[PDB]
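Trainee: Read off the chains here:
Protein chains: 2
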Amino acid sequence: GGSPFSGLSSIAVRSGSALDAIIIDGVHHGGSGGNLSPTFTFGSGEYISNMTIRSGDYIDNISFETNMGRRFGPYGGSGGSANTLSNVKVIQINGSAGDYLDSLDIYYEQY
Amino acid sequence: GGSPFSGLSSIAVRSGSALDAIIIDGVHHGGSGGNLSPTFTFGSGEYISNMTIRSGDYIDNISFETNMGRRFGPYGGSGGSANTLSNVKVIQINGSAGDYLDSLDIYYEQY
Numbered sequence: 011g012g013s014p015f016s017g018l019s020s021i022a023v024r025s026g027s028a029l030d031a032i033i034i035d036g037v038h039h040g041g042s043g044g045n046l047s048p049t050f051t052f053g054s055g056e057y058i059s060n061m062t063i064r065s066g067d068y069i070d071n072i073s074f075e076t077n078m079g080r081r082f083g084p085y086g087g088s089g090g091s092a093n094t095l096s097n098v099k100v101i102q103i104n105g106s107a108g109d110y111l112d113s114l115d116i117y118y119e120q121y
Numbered sequence: 011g012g013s014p015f016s017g018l019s020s021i022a023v024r025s026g027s028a029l030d031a032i033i034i035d036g037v038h039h040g041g042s043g044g045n046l047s048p049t050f051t052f053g054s055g056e057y058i059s060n061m062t063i064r065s066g067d068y069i070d071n072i073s074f075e076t077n078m079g080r081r082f083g084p085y086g087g088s089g090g091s092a093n094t095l096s097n098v099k100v101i102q103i104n105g106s107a108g109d110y111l112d113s114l115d116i117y118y119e120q121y
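Line order of the protein sequences matches chains A and B. According to UniProt numbering, the first sequence holds residues 11 to 121 in order. According to UniProt numbering, the second sequence holds residues 11 to 121 in order.
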């Protein structure tokens, strides 16, 4: 019984040319620079299915598509190298933050 | 670089004899009954290492120990059956909620 939920229930970012911050369920991870994205709130049974991430020494860009045809991004800049997650169910987003988003540790089901 | 963080950054619950709610990074999952736990905010590099969960048709009790000797619980009641997670790193907490906490879908590293 019940309506499904996730502990990853909403995402925002702060971005300029790179990722200043990620804001996960209203919890700030990073610095104050860049401009604040609007918050993406996930629906019951909705999860991240695609995700493109540009990264270098820092997280430079973040975009994703959900299983419900919804989109978030791109936010950030054109630097670093691009990696893509496809046919996935993203479960967790961890990482390391300072004044910027230094790394991301994504946990997902690889379908 | 950077200080580690998790997308599972704080836990509270609402509990009576069972689990009315779990509150994950300030996002409410469940109903309004029972009494509100105080919020456990996780520190950088802190994660759930032990966890005892009583469950039946509903989540009945929740307790956990973190890798930093910190504790949360027990909260709830004495019904259902007990399961324990030991030598783990909890990564995600999902589930299904209504007026109560119907299920929990825990994602962890089994060490």
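Warning: the hint list may mix true and false statements.
Pairs count within a copy or across copies, as identical chains cannot be separated in the list.
Unchecked claim - Calculated cross-link-like contacts (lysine to any residue; reagent style SDA-like; alpha-carbon spacing at most 25 Å): (1) 99 x 26; (2) 99 x 43; (3) 99 x 45; (4) 99 x 27; (5) 99 x 42; (6) 99 x 81; (7) 99 x 80; (8) 99 x 20; (9) 99 x 37; (10) 99 x 84; (11) 99 x 116.
Derived by calculation from the structure, the hints in this document are not laboratory data.
Trainee: Now, for every hint given, state plainly whether the structure supports it.
Mentor: Here's how the hints hold up against the structure:
In this assembly of identical chains, residue 99 and residue 26 lie within 25 Å of each other by CA distance neither inside one copy nor across copies; the values are 27 Å within and 33 Å between. In this assembly of identical chains, residue 99 and residue 43 lie within 25 Å of each other by CA distance neither inside one copy nor across copies; the values are 30 Å within and 32 Å between. Taking identical chains as interchangeable, the C-alpha atoms of residue 99 and residue 45 are never at most 25 Å apart, the minima being 28 Å within one chain and 34 Å between chains. With identical chains, the CA atoms of residue 99 and residue 27 are never at most 25 Å apart, being 27 Å at best within one copy and 34 Å at best between copies.
In the homo-oligomer, the alpha carbons of residue 99 and residue 42 never lie at most 25 Å apart, since the shortest distance is 30 Å inside one protomer and 30 Å across protomers. In the homo-oligomer, the alpha carbons of residue 99 and residue 81 lie at most 25 Å apart inside one protomer (15 Å), although the nearest pairing across protomers, at 30 Å, exceeds that limit. For the identical chains of this complex, residue 99 and residue 80 are intra-copy neighbours only, at 14 Å inside a copy versus 31 Å across copies, given an alpha-carbon limit of 25 Å. Within a single copy, residue 99 and residue 20 get their C-alpha atoms as close as 15 Å, and across copies as close as 22 Å, so both meet the 25 Å cut-off.
Taking the shortest Cα distances, residue 99 and residue 37 sit within 25 Å of each other both inside one copy (22 Å) and across copies (21 Å). Within a single copy, residue 99 and residue 84 get their C-alpha atoms as close as 19 Å, which meets the 25 Å cut-off; across copies the closest is 31 Å, which misses it. Taking identical chains as interchangeable, the C-alpha atoms of residue 99 and residue 116 lie at most 25 Å apart whether they share a chain (10 Å) or sit on different chains (15 Å).
In this structure, the hints that do not hold are numbers 1, 2, 3, 4 and 5, in rising order.
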